[PDB]
Structures are given as structure tokens and as C-alpha cells.
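A single protein chain has been omitted; all remaining protein chains appear in their positions.
Chain IDs A, B and C follow the sequence of writing; residue 1 opens each chain.
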Amino acid sequence: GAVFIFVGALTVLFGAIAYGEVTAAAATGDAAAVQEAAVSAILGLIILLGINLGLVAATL
Amino acid sequence: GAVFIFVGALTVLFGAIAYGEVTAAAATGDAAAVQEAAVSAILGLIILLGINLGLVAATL
Amino acid sequence: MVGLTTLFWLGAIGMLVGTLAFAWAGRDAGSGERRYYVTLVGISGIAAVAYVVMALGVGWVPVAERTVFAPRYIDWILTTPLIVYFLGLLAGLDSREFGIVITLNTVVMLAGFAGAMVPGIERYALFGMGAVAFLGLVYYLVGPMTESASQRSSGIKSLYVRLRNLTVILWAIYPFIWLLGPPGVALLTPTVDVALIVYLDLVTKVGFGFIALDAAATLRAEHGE
Partner (left out) sequence: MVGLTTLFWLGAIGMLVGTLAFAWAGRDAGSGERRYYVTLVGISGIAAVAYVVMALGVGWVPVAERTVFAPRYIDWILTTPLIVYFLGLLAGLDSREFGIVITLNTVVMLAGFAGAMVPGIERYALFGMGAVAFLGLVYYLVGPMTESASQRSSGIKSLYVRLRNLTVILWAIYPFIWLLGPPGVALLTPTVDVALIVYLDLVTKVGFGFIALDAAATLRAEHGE
């Protein structure tokens, strides 16, 4: 319940922040800049999943 | 154990596929193309989290 | 160049494996369990055909600057009602009750299909029709049908609940993929859209079936077997 909401909300929050970086990079017009922001977002989300999973396993 | 591995492995698999799309877009040189692939990856990963969470709750 | 076909083939393989597993598991099924195994085979079997067709590059429809897959929606129209049928059998529904849930389900599937093939904001009106029908279906599954299942054995009720939860929760995700995917605002690319659906389809069909298969032995033991 509250945990799914917590991790889901945070993931969305992280996504928003990641999205912000991608959008800002796109504004420049440099495909390379966007790719760097995108790779960071993908890897960051994968790591975030690791943190959430670890937290759940450590508490539940 | 096996579930964390399963969802973690799949998430990494999805990330790889998403990364592939971003890289391919970057090769074109169009910042807009990269942004579209990046937004898709971020939203896709968030949805993937929803699926994994739903699956766990439905089985466990 | 096109990992799309690769994803479709993977979906086809997964559905095929499931189809064969269910068929084999029901080889010596009793006259009471028979319909269940046959239904599972039909669910995954039809899905397997749809994926093979798409993997072969057939049924691809480049609607207004977007790409939709006709076989996907045809598959849903024909397989989701079999899933509802399976759940209805566990709940112990009569002809009337079955007709109600199958009608609602069909409205959902038809709405998504029509909406996917329709350009313009009108597709959102069709989506709305499906969304409302879906809420009605969810109500029946969690309400009337759950009460009906409660009149069966503990094993049947337990299985119904497990499969009902998997269905309600995961089916609820499809409309979001539709809205965010190519059919809707197209924020998700075809590849990402297809990957997510392949995952969901395998779980809602093959996963669904394996859970039932895992409960089979316990259900037989309940009747003194």
C-alpha cells in the first residue's frame, strides 16, 4: 500500500527530474547532449529500482 | 530472491532496448529524434515499474 | 533495423511455450477440469498466432503518423473474453451472468480497436467508451462474481481471487499504454509500446495459466483425489 505508493511516487519524481534534463538538453539542439542526458536517465532509473528493491527487502 | 532477480533482469533488458533506441536516434544527429526516444524510455521504465509492482502484489 | 519483429517473435515463442505446456498438463484432465485446460490452450494459442502474423510484418497499419497493429486488437477481442470465461467458470456463473461480463469485455476491446484505427480526437471518445465498460467489468469481477466464487470450495475461491487480482491489476495498465502509446499521444515509441505489451500479454495469459496449473493438484485433493 503505502510502500508501493512511496516508491511509485518517487520513481515518478525521479523521472520528472530526468525528463527535465533531457528537455533542457534538447533545447540546445545538440543530439549528443540529449543522448548524454538520456543515458543518465535510463541508468539512473535502473539504479533507483535497485535502491527501492533493496529498501523493501531490508524492511519487509 | 528469484523475483528480485527476475524484475531486475527484465528492467535491465528494457533499459538496453530503450538505450538502443536513443543511440540510434543520436546517430542521426537530430536532437528532437533523441528527445522522443528518451521520453519514451523514461515513461516506459516508469510503466515497467508499475507492471512489476502489480505482478508482485498480485502473486505475493 | 527492426527489433520490432524480434519482439514479436519472442512473444510468439512465449505464447507457444505456454500453449504446449497447458495442452500437455491437460492430457489426462478429468471431465470437470477439461474445459479449463482447453480454454487456456485457446487463450495462448490465438495470442501465438497474432504474434506470428505481426512478426511476419502483416497487419501493420501506419495510421496518421503513427503505427498500430491490427492483430494485437483482434487478438484481444478474441482472447480476453476467454480469460473472462475461465474466471466465470471458476466463479460458477450462469448463462445470464456470463453474457453480462462478456458483453462488457467486448465493448472494451472493440473500443480500443476502433479508437486505434481512428484519427482525430474522436478516438478519445471511443477510448472513453472502453474505459467505462472496463470499470463495469472490474465491478463484476470484484463484486457479484467474487460472491459467486465464495460459494465454491476454498481452493476454487482462493484460485479465483488470485487470478482475479492478477487480471484486474494488470489489465488496468493496458489503457495507460494505449493513451501514452501510438494510439494516443504517442509519447511511447512503437518499440517501447510493443515491448511493454509483450511483457503484459505473457503474464496475463501464460503467467495466468501457470498459476492455474500450479493449483490443479490441490483442487483435485479437495474432492478426495
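In this text, a contact is a pair of C-beta atoms (placed from the backbone, for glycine too) under 8 Å apart; a residue touches a chain by one contact, two chains touch by 3 or more.
J.: Can you work out which residue in A:3, A:9 or A:10 touches the chain that's missing from view?
T.: Going through A:3, A:9 or A:10 one by one, A:10 is the residue touching the chain not shown.
J.: Name every residue on chain A in touch with the hidden partner chain.
T.: Touch with the absent chain occurs at residues 10, 14, 17-18, 20-21, 36-37, 39-41, 43-44, 47-48, 50-51, 54-55, 57-59.
Operating definition for what follows: only the chains that are shown with their structure count from here on.
J.: I'd like the Å distance between the centres of chain A and chain C, where a centre is the mean of that chain's Cα atoms.
T.: The mean C-alpha positions of chain A and chain C differ by 30 Å.
J.: Between chain B and chain C, what's the gap in Å when you average each chain's C-alpha atoms?
T.: 22
J.: Round to the nearest whole Å and give the separation of the Cα centres of chain A and chain B.
T.: About 11 Å separates the centre of chain A from that of chain B.
J.: Could you pull out the residues of chain B that touch at least 2 other chains?
T.: In chain B, 18, 37, 39, 41, 43, 50, 57 touch at least two other chains.
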